[PDB]
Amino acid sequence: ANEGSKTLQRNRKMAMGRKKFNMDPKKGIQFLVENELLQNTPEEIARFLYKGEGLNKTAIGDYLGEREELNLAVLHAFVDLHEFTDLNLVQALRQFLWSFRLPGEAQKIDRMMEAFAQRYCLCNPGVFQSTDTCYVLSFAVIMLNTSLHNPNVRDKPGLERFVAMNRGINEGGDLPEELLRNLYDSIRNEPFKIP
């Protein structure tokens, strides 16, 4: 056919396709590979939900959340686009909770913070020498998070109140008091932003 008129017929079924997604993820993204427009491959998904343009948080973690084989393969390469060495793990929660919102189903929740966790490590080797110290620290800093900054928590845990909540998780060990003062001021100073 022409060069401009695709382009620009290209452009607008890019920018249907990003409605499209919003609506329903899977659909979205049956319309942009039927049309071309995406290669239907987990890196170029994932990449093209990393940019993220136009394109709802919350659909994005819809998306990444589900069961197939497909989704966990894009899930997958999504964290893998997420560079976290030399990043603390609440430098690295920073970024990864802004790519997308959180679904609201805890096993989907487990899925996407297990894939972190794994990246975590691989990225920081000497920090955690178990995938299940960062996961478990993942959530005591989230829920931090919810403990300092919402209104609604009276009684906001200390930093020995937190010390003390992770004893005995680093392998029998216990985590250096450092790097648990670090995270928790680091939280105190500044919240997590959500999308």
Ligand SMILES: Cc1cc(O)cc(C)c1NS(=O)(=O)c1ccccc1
Second form
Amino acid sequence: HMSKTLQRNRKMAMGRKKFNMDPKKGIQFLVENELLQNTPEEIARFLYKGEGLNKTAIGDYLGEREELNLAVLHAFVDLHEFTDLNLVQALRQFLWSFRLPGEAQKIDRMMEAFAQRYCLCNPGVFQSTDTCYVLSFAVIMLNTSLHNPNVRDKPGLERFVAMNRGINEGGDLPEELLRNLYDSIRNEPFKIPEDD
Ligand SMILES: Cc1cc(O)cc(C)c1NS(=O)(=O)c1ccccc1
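Alternate state requested, the form solved in complex with this ligand (shown: the form solved without this ligand):
The complete assembly is shown below, putting the previous chain first.
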């Protein structure tokens, strides 16, 4: 009843603080105190809700190499609903849900999982998941090029189109697809979580 519930609520709050200090210790405390079930899906749902969790700490946890963390990463990406979204719309959602700069192997795992999910959700768009992966990074790079004033550039649509030749199973992506992505980034930069 009430005392048990009040204690649990505070211990949940403490668990979130512990998570932000060190994700593994945070999850351990929650699991050991029966505040979170120790399944990949339940941990993923906990991270997806992200209540009081630092997005850098979420990315940290999702980027760990061990089996359970890989499984949580898979389940976390599965919670994302990309059906009928274009690649940029999907990226906006995905990239807002966690942060993880300059960890190449970790980002590779995360973006491959994203690519697989996007293509599964939208089987008509990219016949090859490699196409999706490469184009995803092209969009991220385009965002930086167009909106970071440190970057000289401002590549035009025609350059963006040229940079992506031949990645559609040896063919090209429809120019209208590329234009739509380019224009979407041009008109609205990615909202990127700040360093928490
Ligand atoms: C998407 C992004 C773009 C940026 O310009 C900066 C940051 C920190 C992020 N987020 S990021 O975690 O560094 C990242 C995620 C996925 C792919 C590449 C990078």
